Amino acid sequence: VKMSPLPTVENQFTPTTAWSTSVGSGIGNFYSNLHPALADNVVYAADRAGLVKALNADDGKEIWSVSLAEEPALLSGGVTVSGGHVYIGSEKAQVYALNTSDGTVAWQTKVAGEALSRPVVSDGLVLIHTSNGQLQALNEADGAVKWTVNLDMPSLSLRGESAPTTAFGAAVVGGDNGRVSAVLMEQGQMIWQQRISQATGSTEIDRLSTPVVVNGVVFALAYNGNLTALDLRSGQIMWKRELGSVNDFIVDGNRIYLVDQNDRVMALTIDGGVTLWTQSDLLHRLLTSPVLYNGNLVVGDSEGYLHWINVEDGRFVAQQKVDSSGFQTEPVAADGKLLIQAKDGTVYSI
Amino acid sequence: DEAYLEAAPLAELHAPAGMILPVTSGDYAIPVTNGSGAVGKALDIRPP
Amino acid sequence: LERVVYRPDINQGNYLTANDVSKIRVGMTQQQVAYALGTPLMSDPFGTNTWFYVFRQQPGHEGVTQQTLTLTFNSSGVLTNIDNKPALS
Amino acid sequence: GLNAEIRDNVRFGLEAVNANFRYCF
Amino acid sequence: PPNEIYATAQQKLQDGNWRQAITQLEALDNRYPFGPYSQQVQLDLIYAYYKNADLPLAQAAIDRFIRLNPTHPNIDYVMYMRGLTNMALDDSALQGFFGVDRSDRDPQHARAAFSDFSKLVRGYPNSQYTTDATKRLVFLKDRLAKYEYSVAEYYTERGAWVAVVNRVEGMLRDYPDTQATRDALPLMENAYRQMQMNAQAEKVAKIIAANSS
Amino acid sequence: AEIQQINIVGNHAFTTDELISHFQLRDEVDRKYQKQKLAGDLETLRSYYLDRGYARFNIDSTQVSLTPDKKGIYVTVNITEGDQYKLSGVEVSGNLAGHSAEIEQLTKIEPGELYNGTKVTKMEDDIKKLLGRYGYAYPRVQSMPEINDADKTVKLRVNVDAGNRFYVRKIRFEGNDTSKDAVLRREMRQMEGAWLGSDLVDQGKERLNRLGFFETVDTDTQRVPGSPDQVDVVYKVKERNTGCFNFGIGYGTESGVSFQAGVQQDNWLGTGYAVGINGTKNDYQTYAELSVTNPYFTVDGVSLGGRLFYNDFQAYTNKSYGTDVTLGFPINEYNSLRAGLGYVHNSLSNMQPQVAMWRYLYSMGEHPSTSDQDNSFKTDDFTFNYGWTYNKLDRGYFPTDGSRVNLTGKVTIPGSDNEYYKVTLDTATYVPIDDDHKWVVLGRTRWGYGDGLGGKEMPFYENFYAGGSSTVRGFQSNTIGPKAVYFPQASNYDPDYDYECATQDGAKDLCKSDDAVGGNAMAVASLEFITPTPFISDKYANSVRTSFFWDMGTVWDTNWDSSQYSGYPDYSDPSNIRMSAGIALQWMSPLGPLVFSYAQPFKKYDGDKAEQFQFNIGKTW
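Protein chains in written order, with the working numbering: chain A, 284 to 633; chain B, 7 to 54; chain C, 4 to 92; chain D, 104 to 128; chain E, 37 to 249; chain F, 76 to 696.
These are computed hints drawn from the structure, not numbers from a lab. Please note: incorrect hints may appear among the correct ones.
Claimed, not checked - Listed below are the simulated DSS-like cross-link pairs for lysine-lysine, each with C-alpha atoms no more than 27 Å apart in a straight line:
| no. | chain 1 | residue 1 | chain 2 | residue 2 |
| --- | --- | --- | --- | --- |
| 1 | F | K112 | F | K467 |
| 2 | A | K285 | F | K145 |
| 3 | F | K146 | F | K112 |
| 4 | A | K285 | F | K230 |
| 5 | F | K245 | F | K280 |
| 6 | F | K311 | E | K182 |
| 7 | F | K558 | F | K531 |
| 8 | F | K313 | E | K182 |
| 9 | B | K47 | E | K48 |
| 10 | A | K626 | F | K146 |
| 11 | F | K678 | F | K558 |
| 12 | A | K604 | F | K146 |
| 13 | F | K161 | F | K112 |
| 14 | C | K88 | E | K242 |
| 15 | F | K558 | F | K614 |
| 16 | E | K48 | E | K87 |
| 17 | F | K245 | F | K227 |
| 18 | E | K242 | B | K47 |
To be verified - Stretch-level coverage of chain B by chain E, calculated; a stretch enters the list once three of its residues show a Cβ under 8 Å from a Cβ in chain E:
| no. | region |
| --- | --- |
| 19 | 10–20 |
| 20 | 25–37 |
| 21 | 43–49 |
Here a beta-carbon is modelled for each residue, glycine too, at the ideal position from N, C-alpha and C.
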C-alpha cells in the first residue's frame, strides 16, 4: 500500500559477524516479545516450539539445551536471567522456573492468562503480566503467588503489557487501558494512577504497550502519539508531546531515543519535548527497537538489514545485511557483545 | 370498461314480522350523493 | 363402493366434555360461562340471546357423532335454561 | 434473423422462414 | 426551459406515443426538480402511467405527491385517480377474453379501492367525481360480497356446516343489500337443517318467505 | 490483519484442535472482523461443553487483540471448567392438561445419563409440540436444573402452563391472483369452526408445495384482536408462471409449408385443470394430440382425464391413432390408484425386411416374402391400463426429501388383435446430507419389462428404447440396445442411394446395422450429487441447480435366437451394461424448465454412438 525505500550509502565500517548458528525453527511470523539474554558469558535463547538453548557467548557453541514441549510448549515472554535462575513465560499461561547452571526445570506454575511479557526479578519476587490485565508477583523460591492486582482494558489491541519498571520497593506499569499505574511491590497496593492519552476515537485509538524511571523522573509513551514526563510519587505530568510508538525507547545522556509508530527515527532532550533531530530514510519501513552499542545506535528491520546510526545527528554510519530473512524482535547488547536473532531461529553475534 | 355501470340496484332487505335482522355493520356504508356528474366515457379525466 | 376412498377426518364446532359441562349452573353470568367453556362459535343473530355449543365428529367414514348444548339467557345476561342433546336422534 | 422480446416473459423470432413466438402463463 | 418539451408531451398525450411523452416528462422531472411546473409534471406522469398500465409507478407517484402536497386545491382528483389505480389491478385481459368470472380471486385489491373511494366521497362530497365514485362503490360492494358467497358455497360440499353458518352470518352483517346475500340464504337454511337445530331453521324459513318475490 | 491463531486457556477435557474444529472462524484452509462468527463460535463452544455434563461451565471473558500495523489478529477466550454431573430424574409439575402419562413418558431418561442441555431443550419442544397437537396454541414451558454439588448430580424441575384452547375463526388467503380460491381450499386439513392443531395446519404447507403451482407458502397464525381464544390462520403464496403457448411456422421453396404448435398448462386459467394440446404438419408426417385432466371430479379426490391422438408418416408407411380414458383416486394420505381403458388402431405398409420384425410377424401367422417390400399389416387393439403411485416429496420443482414411486402397466383385453402385457416402474429418492439442504444425494432408477400371451411376441412398435437426455446421458437418443439385422430387392430405392445390404446387389447375406430396434426389457439407474451454485446473482439463486452424475443402463432382447444367428452378437446377454458420467445443470426459466448436461461415455460397446453435449426440456422429476 506504500513504498518502502532503501538508502544508498557507504558502509563505513563493514561490521564483521563474529559467529552465527540456529536454534530450532524460531519465531517465524508470530509476533511476540521473545528475545535472547546474556549473562556470565552464556547466551540464552529459545524457540517458539519449546526448544531452549544456552550457548557459549564467544563462539556460539551449544553448552546446554532442553525441550519444554510435550502440543508445543509455545514458550514466550523472552528470557530473564537473574541470580541463579532463568524465568520463561508461555502462551498456555505456564511459567517455567529453571536454574542458570542446570536447565532442569526448578518448578512450573500457571498465572491464569497468557504471559506475553518479560518477567522481572527484583526484591525477591518475579513480576509477571498477563493479557487479561492481571498483574502477579510470584515468590522467587518456589513460584508461590504473593499478590495480584487487576486492571481493565478495551477490546481493541495487543499491547504486550510491557514489563514493570521497579524502584524503591514499588513498580510502575503501563496498562493497555492507556493509564500508567504505580503499585507497592510488597503488597500489590495501588499507589497512584495517571492517564497518558485520551481521544474521541476511543474505538480505534491504541493504548500503552515501557515506563523508564531515571533519578525519580518517569518517562512513558503511548502508541497514539502521546509521550509524557511524570512524577515518580504521583500522577503529575511535567510535559507532554504528541509522540509514541509500540517499540521500546532508550533514555541516556540527557537524551531520549525513539522509533516512532510510523518508523521515524527521533531524538529529544531529557528536560522537555524539544526535538534534537529526526531521520526519515527508514520511515514506513518496520523497525526494531534501538540499542546503544559502543556509542552508536543500532536498529534492524524486517528485511534483514542492520543500520548503524550516528547518535549525534542521526547520520547513517553503516548499512549492512546480515540475514535476509528479517528481524522482528528486540536486539540486545551487553559487556561489549551485540547479540541478535532473526525472525527465524538464527542467532548472530556481531 | 363500463361494466361498473351494469351493477344491479341495491334493493335492501326488509325485516320479517317478529324476528329482527342482524345489527347492521357500520362498515361499507355508502353516503347518499346527488349523482349529478358524468360517468364512464362521458367523463373527462384529463388533468386540470 | 366409495367406502374405499380416503376422506380426511372432519371436526366441527367447539370442544365439550363432561368435566366442563357438569360445572354449568343456572345463575352463572355470561362471563362465568364464557370463562368455563370458552367463546361460543354459534349464536342466534336474529335477536334471541342464546348460545349454541356443538361438538361434531365424522372420522373414518364412521357414523356421525354429535353432542349438542343450547344455553338460553335473559335480557340481563343471566342464564335461564339448559337444553342438552347427548346424541342425534 | 429478426427477433424481438416485446414484453417481459414474451419472446418472438422471425427467421425460408421459420417464425415462432412464445407467451407463458 | 420546460415550455417546449412540456407542450410536446401534452400533444403526445392528446394524440401520440405515450412512451415519448413519458420520456420527455421524466427528463423534465430530473432537469427541473423544483420548477414552476413540477407539480403539473408529476400529475401528468401519474396520468401517463395509468394510461400506459404502469400502475406500480402511478402508485409511487401518488404517494410521493401526497407526501409533498398533503393539502392541494385538486387533491380530490389525485384521490379519484388512486381509486381507479387500485381498481385497475383486479382485471386480467387473458381471463376476460375467455369470459371467466374472476370474482373468486384475491379480493384485497377491491377492498383497498373501496377504501380509497369511500374516503374520496366522504372527504369532498361536492366534488364532480362523486357520481362515478358512487357507481364504483356500488359495483365493488357486490364484488366483495360475491367472494364470500363462493366460500360459503364451497363449504357446503365438504360439510363444514359451522363454517357455513358463521360465513353467511358475516355476509348478512356486512352486505345486507346485495344479490349475493339473497341468494345465499338457502345455504344457511340447509346448514341449520343438516344439524338438528330446527328452532333456528324455522326462523330462516320465515326470513326467506318474508323476502320472497 | 488476518487471524493468526485461536488460543484456549484452561481447557483440559478437550484439545485445542478438537474445539477449534467446530468454529466457523478458521486460520487455515483467513477472515477478518467477523464479529458474528466470533459470537456464534462462543455460543457453539458453550453448547459443546454443556452437551458433556459440565453444568458449571462458564466463559469469563474474551479478547480480540490487533497486532501492530494491522498485520494480524489474536483471538483468546478464558475458560473455567467444572465437573460432570449425573441426572437423577425429572420432576414435572404445574397446570397439566390431564395427559400426564404422555408428558411424563416423553421426558423419561435412563438412569446414569449425563446432563445434556440439548436433551433439556428437546424435552421442552416435545412438550410444546404435544400440547400443540391437542389444541393448546400458546403453552409456557420452562425448566431449571437443581445442582447437587456434593453428589455431582442434577435434578431437573420442569414447569408447564398449558394456557387454554384456541379455535380457528376464519382461514383467509392472500397473494393468489389467478388461481381460483376453490383450489387453495381443497388442500387445508384444518377446518374452520373447530379446534386448532399445529399438526394439522402444518400439512397445508406440504400439500400446497406438492401441488407444484407456487414458489413459496408462508404460514401465519395471527391472533384475533379483542378475543381471548381465537386465531386467524393466513396463507400467503406467490404464483409461478405455469405453462406456455408455443407456435412456429416454416416456409420456403425447399422446405415447403409446415407448422408446429401447441399449448401446455398445468393450471388452465387457474381453474385446476391440466391441459395439453400439440400438433404439427409437414410434407411427410402429420401429428396431433389432445389431453385433459381434472384432478378433482368429486370433492373427495376422484380425478378424471383422457386423451386422443393421431399420427402418420410416409417414407415405410406408418399410420396410427387412438384414445384412452383414465380414472384415479387416493386411498390414503400418500398412495393413489389409477385404472382406465383405451383403444389403439394402427397400420404399417411397405415394411423394410428385418429379422426382428419378421419373427414377430411369423408368430401371428403372417408370411411376407423374403426381402419383398410389397407388404402390409393392420392392428386393432383394446387395452386396459393401470397404475399405482406413492409420493412423499417436499417440493414440486427441486425436491429435497422423500421418495417417489410410479408403477404402471397395461394388458390386452381378450379379443384384441395383439395379446400382451407391459410393466414399467420409475423410482427416485432424495436424501439430504446437510441441514441447509444445499447438499443432497439423488438416486433414480427405471425398470421395465414386457411380454406376450399365448406364445405371441409383443408388437415391435411397443418396444422399449433407452439413451437420451431423459434416461441415460451422453448417448445418441434411442441408440442403446440391439440393432436391426437385414435380409439380403425390388424397391424404388434399389437404383442408387439405398442401404447396400438391403439391395439386390449390395449383399447376398445378413448384416448388422446401426438402426436401433429397442427391446423387450430394460433397466436404467443414475446417481446425482446435488450441490449449491458456486456463484450466481441472488435473483436467480433459487431458480438453478447443479449436480454431478454417474449413469448406467442396459436394454436386451428376450427370445433372441442366438443359435440360428450365432455368427452375430448374441443380444440375449444382459451383461453389456452401458455406463457414462458427467455434469448437469437444471434451470427453471421464465419460459419453463431446461436441462443442460455434458457427459463422456467411458464404457461403450460395438455399435454404440456417442453425443456429449446435450440439453432438453425434461418435463420430468
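Task: List of violated hint numbers, smallest to largest - done: 1, 4, 13, 15, 17, 18
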